[PDB]
Amino acid sequence: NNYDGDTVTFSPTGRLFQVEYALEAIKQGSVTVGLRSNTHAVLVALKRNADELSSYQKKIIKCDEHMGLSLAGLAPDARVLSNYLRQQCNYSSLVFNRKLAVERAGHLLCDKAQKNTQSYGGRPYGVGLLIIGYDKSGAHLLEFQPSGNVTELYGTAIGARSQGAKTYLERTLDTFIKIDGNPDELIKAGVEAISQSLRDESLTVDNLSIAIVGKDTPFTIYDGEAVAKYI
Amino acid sequence: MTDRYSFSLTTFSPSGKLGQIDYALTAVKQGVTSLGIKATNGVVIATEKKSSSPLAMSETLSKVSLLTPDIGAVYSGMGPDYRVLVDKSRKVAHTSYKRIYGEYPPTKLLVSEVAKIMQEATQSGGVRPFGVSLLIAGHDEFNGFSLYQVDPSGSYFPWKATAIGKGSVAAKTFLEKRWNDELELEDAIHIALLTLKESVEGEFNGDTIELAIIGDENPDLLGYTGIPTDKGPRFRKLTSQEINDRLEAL
Amino acid sequence: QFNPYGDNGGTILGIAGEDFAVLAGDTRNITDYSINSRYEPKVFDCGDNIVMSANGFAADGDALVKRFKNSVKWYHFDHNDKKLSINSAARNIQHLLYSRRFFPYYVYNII
Amino acid sequence: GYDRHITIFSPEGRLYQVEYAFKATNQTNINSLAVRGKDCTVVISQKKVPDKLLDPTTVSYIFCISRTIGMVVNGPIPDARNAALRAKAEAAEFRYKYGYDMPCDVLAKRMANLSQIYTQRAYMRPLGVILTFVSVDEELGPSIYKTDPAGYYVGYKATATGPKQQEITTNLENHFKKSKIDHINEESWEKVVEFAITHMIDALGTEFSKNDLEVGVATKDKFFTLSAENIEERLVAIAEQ
Amino acid sequence: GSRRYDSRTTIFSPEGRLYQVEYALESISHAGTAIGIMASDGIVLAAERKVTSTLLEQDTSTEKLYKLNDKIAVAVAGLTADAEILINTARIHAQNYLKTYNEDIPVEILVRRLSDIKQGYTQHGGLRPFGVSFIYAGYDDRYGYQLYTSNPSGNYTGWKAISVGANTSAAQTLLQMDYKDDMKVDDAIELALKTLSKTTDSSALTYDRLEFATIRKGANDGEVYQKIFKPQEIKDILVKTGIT
Amino acid sequence: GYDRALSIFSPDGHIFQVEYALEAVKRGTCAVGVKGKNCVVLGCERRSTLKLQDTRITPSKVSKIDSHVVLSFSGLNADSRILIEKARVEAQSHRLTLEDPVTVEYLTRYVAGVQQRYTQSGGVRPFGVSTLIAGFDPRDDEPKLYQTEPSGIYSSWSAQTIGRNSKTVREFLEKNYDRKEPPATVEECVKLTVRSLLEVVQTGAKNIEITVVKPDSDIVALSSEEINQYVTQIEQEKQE
Amino acid sequence: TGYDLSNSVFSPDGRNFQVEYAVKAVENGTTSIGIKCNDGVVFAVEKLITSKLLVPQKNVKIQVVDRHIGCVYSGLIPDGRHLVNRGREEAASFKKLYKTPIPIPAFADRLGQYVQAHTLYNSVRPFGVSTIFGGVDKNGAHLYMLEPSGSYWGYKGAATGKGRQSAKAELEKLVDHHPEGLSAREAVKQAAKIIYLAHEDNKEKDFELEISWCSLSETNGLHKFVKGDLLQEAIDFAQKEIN
Amino acid sequence: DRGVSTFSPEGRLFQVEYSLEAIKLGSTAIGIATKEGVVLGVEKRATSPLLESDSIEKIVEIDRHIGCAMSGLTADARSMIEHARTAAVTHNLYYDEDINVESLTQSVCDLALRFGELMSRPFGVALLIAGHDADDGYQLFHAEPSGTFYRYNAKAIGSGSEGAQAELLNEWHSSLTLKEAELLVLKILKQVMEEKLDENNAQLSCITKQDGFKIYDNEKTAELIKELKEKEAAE
Amino acid sequence: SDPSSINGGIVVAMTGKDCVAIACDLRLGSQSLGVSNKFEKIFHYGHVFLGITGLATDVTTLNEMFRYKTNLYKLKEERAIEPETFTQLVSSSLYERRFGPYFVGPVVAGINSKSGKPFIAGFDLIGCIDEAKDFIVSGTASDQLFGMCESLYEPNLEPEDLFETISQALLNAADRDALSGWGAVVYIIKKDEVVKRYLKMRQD
Ligand SMILES: [Cl-]
Ligand SMILES: [Mg+2]
Ligand SMILES: [Mg+2]
Ligand SMILES: [Mg+2]
Ligand SMILES: [Mg+2]
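Chains as they are written, first to last, in the authors' numbering: chain E, 3 to 233; chain A, 1 to 250; chain L, 1 to 111; chain G, 2 to 242; chain B, 1 to 244; chain C, 1 to 240; chain F, 2 to 244; chain D, 1 to 117, 125 to 242; chain I, 1 to 204.
Next up, chain E with everything else stripped away, as it sits in the complex:
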């Protein structure tokens, strides 16, 4: 009300409204799902178009051979944060000959987003990210909020109508975690999960976007007729 003019101002109840408004931009964004087993980690994203003549906005970005994310909200902010991750992953390789741990990647994103919430002039990031990766401690899935909060999960979903997919994964928890050494079945579970967030529209060939990473699987994105198999 009077305390939402900038990010440097707490409200009387201890809330940061500019951060909460940035969080709102994520809810307006298209749905995306993340889930993993012990061997693989999968991202599934519902891409959005402007109209029938337009293309479907890309949701998934590759950060390294072993790591990448999906976005929901302001796409340019995802480009900035993913570029930062690319540089950090790359610094780890060039200097330490070491693949960046997914947990440490989350800690870096948290700290980058936080600086924007405590300083005058700047603004919070207006995007939510789902980071997947495979490192020395196996498969990982992270959820990033622009408040700074980063959370390691078995599965999750963000964006519009994401509560439906999140409930499904909460039921299926015991099943999909056991899908080891079977990438196609793990993707099936992800496609079935994101389907719980759909209304009116359904998953078409240029609508669906899938990405996977695992034990002997580099981070690869599937679009177009490559995902027709899963429709």
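Listed below are the simulated DSSO-like cross-link pairs for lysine-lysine, each with C-alpha atoms no more than 27 angstroms apart in a straight line:
1. A:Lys231 to I:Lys117
2. F:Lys53 to E:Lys190
3. B:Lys235 to I:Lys76
4. A:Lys50 to G:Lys165
5. I:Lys69 to B:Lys227
6. I:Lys74 to I:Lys190
7. L:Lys82 to E:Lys64
8. E:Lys101 to F:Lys225
9. A:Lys50 to A:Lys29
10. A:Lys91 to I:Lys74
11. A:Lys88 to A:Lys108
12. A:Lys98 to I:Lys74
13. A:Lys88 to G:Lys110
14. I:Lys38 to B:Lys99
15. I:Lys74 to A:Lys108
16. A:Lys197 to A:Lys50
17. G:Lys24 to G:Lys165
18. G:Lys223 to F:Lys139
19. A:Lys116 to I:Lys76
20. E:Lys168 to F:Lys62
21. B:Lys99 to I:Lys76
22. A:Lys237 to A:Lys108
23. F:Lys53 to E:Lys29
24. A:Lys91 to G:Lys110
25. F:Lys163 to G:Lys53
26. D:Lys35 to D:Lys216
27. C:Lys191 to C:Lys26
28. I:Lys76 to B:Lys217
29. C:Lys175 to D:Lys203
In short, the hints are calculated from the structure, not lab data.
Take the given structure of chain E and dock chains A, L, G, B, C, F, D and I with the ligands to it, following the hints.
Here is chains A, L, G, B, C, F, D and I with the ligands on its own, set in the frame of chain E:
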């Protein structure tokens, strides 16, 4: 962090008034009375030592300050603002003059430098004006004795005699009747003490009054002998006893 | 006085065929009259069907190759996984080398 | 009404942010007192540990700025420590640059000038503290100099600070009106501390245990604080006469 | 943050005016009247000190008329402290030009730059403008005798006769009436004082309430002399013209 | 440094500071530009509220940027000096680096770019100035006339006016200026420029300034008497 | 009014309302505690299980500074991480220059000054965390708690977050019933109990217990997490006490 | 007042949304992508008949294989075009090749959100970036001041955009020829324009693999207008 | 190579009874080559006279600099600068270039307008003041000038006698120096009149 107040805090209002300067002058009005009188062979500056507590040692707080050996200063308004101005005035006398010309600046030019500092606080970013009016008395070879007033705006005027602060309107009237161009220094000190008594409520003695002069050279206060051309400072602060002696012949 | 350069010896050879290309190089690494290693790889697979070798001062050679491999990585990120052609790689390498015109990479490079 | 938010003049020629900083001074609800002996300067302050979970040894508003200078603060602890750290840095820098120990009054002036800047520059807020510096100066002898948020400072024969400063001030005023001297005519610092505690008891009207007080003593070439057991010995001597 | 307290000194009004420049001009309209009159054989600068006191030391006082170099002088109307900042810049400037080209600075070039400095404060920096209006009186070998004025907007114009400060409307009418092109310095001196005497808010125009100056080729042979009038000399010229 | 964003968008998609800068131009004295077959003429209004002025030394309204290009303006006078100085520096910088004088189109593009930069830079306000830039390119006999404005947009004109009562003189030019057959001579071009100003000016005495620019750096300013002869001939034909 | 709209502005009370609003964010957060024992310190924290999808034992909240200091906080988690990053820089520069690891009181002031600095300007926001921290140095064990205002004191026991009152009451009992002191292994057990008892204020969602400790005897004066059997032993002790 | 980079309660940047309103006031620009090339056309919209319309430059070359049309505050586009041209040529310097249309568009859109308290406000102009490369063929992009860019088969921006976009919805198909696309842009421009469409107040352009980016002459466009009138009168 | 001896030249100043004299040669050269016989090395700022020897570009530069500074001094102080004060200004200005100095040998000469006391002073290239009662010398024939001045000079000389002494000191020193000569000028200075005389000397 960073100082993000890079804009002026003093601005023109629709009527053409610079509000912060006017308000600074109001702060000067509330301040304790101080005055200055110019004689033929000297200048006198005086003020009341308004002690905040009787436990406080009022000798440690100096309202009248030496700027150069031949220039002194007194104020009315906010004391802390005055203290920092004296520190800057002393330094600028060296950096912008003595280190260049090998001699102390004349009164008018030191006043000009102090005025510049106060003007900048009236236009620069993220600052308020100084809440003081200064009276600067001094002597130099080519201009002789002089007395200047400096206001929060940075404007300065030369005076034969004047007063600033609490009872300045009454004090200036009193000085107009008594002042003439044939006054000796002792006569000016006498008039200064008479004028100052009217604005003081409580005790009126050498311990509650601060008074200094710009007069003859004081070789006894120089600290060394051997150089004929160096004859000592013309600025001298009168002692508590020296004031009381002149209060008996009052 | 500190000499920032050195000579690690070695020799490299590139021959182009009609539908193939070879890049050969000995595996010996030396300083003065001493042998450091009898097997220290000098020719590298840099990605996109490009092989590279920077011969002369090994520390500068390793740095250049490391930077070019990095340049290939970022070419994929920035241009939609497009394949870096050999002629484009050559031009990119020129700019890597000339960026130290006044403190050169002491290497002779072949791709 | 933004003239009350930053340090600019109000129409009355007042700085409200400076006045409100003076009010923050009493937020701790602690009273301090400082007096001068022949060879020493004593400072005492009330100590209040309300929570049982607190480590009482770490609860303190008296600081050792240098070997010779001690400082007691009236105000919130964060601002108090801010001022303390700065004073320590200034005292150390002074010695390095000018080759002798920083005098108590010179440090007070320096800290007062820093406080003045906060009353003039808009981006910096005043510290809500009153700083009482004490030492036995090698030139001026026993010394008490006090600084406030306005940038004002002055030397003192004795002084008091806190919510009940006036009651303590008048009590001290009346004593020096009798003795007609600028100090406590006493040889040992132990008896000067006893004087300080006694006159605080009389002024405030409260009895003190060993854990209710906090004492700082300045002698030639060193300033030190008393332990609880040192204060207990002091309280015993007062009760036995 | 700090944005809350920013007055925004360098913005347009909906009508396309600069708020602070207009308000600075309002300030200047309360300042003591200053008049400049250009003749064929010289220039006159006359100005009124504001409600003085008997205890003011007049002979060592200077609030209106300032010397920029040997050939150029200025009359001030507005904040004196602001004017002195600009005056010192202008002085340094005339010396920079002299050091570079080994010739005295042309009047217009000096005026243009002070006016450019004033302009800068209206377009960038977020600072208040200088509450000062100048009348420049000067001579050079290109255009001869010249009168200019500048105001807080940073705009400057040339004049045969001009007034700034208080009662300029009334003063400009009186000057426009009695001024002629073939006029001489002695006549211009009389016009300047007569105009002040009629436009003044004071009861009577006296020597102690005036600052006066001339720039004359009335110097021995082809050269120019600046005369800042002393209190006694202002008293004499008031009697000569028949005002006191 | 002062970084405040003064020129910003409003809910209806307007930048008010840029639009208020146009209001300053509307207040400014009228300026007109007309290009003939082999010349361009720049006319300017001088408000007669200011008499006792020294016309020798008063800043002229038309400014030479180089020997072959001129610039007139309407709006804030002080602001115009900054643009003119920058334009003059760029003109010499272009000669110094490329060994050719600027084209009229290039110089206009530079000035317009400066104006635009001041509409999306922190801590600065837009120039309250619109300019008419005229001249002939090096080794070219085609007349050039461009206009700029605070927003930074620029365009070429057969004839154009800016400043106060520009709406009226533009109305006059739209019906009187023929594109198929423009003013063939200098006389016809000047006459049409004076006629257009006489719709607005008031008196045809010292209120009208005229500057003729011809090919190959041939620029001259007309005097009071020369202009007064045009004013005389126009009104004598009008009495019919 | 308007005094609460900008940081570093004194109200007519002499208060900084923005700092007081930051405290509300701390009070909104999960419960965290600290217990000072005979030769060290124990830290414990309540981690709310928002969903089954949270991976157990992965989202670690307690942070180490240097090798001998432990830090835990309640409120805005990112603000706490920022504060610890600074703490690590402060600890690194101290050790770089002075060789010895940073003493706890020295470290406490480094954070205190930094947090206090964020109450001096309107261009920055105060920290939305209360931080409990401490460890073992040359002078023994130290426990501290640091508020948004920059205020900090030494503690025998400390608690902050939504269940701070419940925790404080439990800590006060331990201080009374153990004047001679509490052992390190006892403190771990008690820490578990107090978090479980403090969970009644966040009883809607179930939670995960996380404990760490520094002890001269048990951990050689180094900060370590309580894991495996010792953690389960503490959970069993805690579960037995609530029933 | 309020921050320049402030979010609204709905989760949108106020300034970005306000700049979109300025673009709606701009003159119409239309782009149509085919397998034979991409066509770009604009409404010139001269404010007066004395304004020489050929100086109105709302269609612009970025490289030989990339063109650009603009709508909104056209003065803001100049620095974007300058950056685009520099990016295109710089990539040719570093990599000895033409730059991808998508990569060029991405480079332009990176400037968009570089505003705060960098430039003081977002751009008040939208761009239609059309081009060709070997990888993805003929492409048409719509670059906004939000930093977002969408690829389009056909797109209209400016004052008559939603009316034109609905028309492009029905008319576009994957087998359109270049000549058909030229007439289609002229048809839709004529429909949404206030004044009557002719060769002087409207401008066509295209980008082909063979000839590259070309702005059409007024004589060439005039014939396409005359060809349009006859084919509409044919039924 | 040596900057102080590329252009050549000399300056000498003397005190007398209620008067001072300052003189200089007129040569400007490029080592062996004589370029100008009209390069005067003595300047004045009001009633204070300054002679400068050494590198000609620095001589010209310093003159323009002290003209600059003295004109501002006068505007602010409302009076002409005095020799004692000017001497300090010269020293200040030279020492501010301590590690990139002007290659010059300045000489101040003048009479205090208030006290009436004759004053001369010399400096090294970086500001060290040599305030002498008798005479000051500077230039490429400084050794020669020291010999002539030290033997010919006697105190309390009258203006017309002082003229002959300083002229003979200059002329005979210049004729034993390859890099000095080609004309000479002598200024005779009194409290309110100054005479300038060009001397006739050999032109080789
Ligand atoms: Cl200080
Ligand atoms: Mg001031
Ligand atoms: Mg402040
Ligand atoms: Mg010779
Ligand atoms: Mg010879």
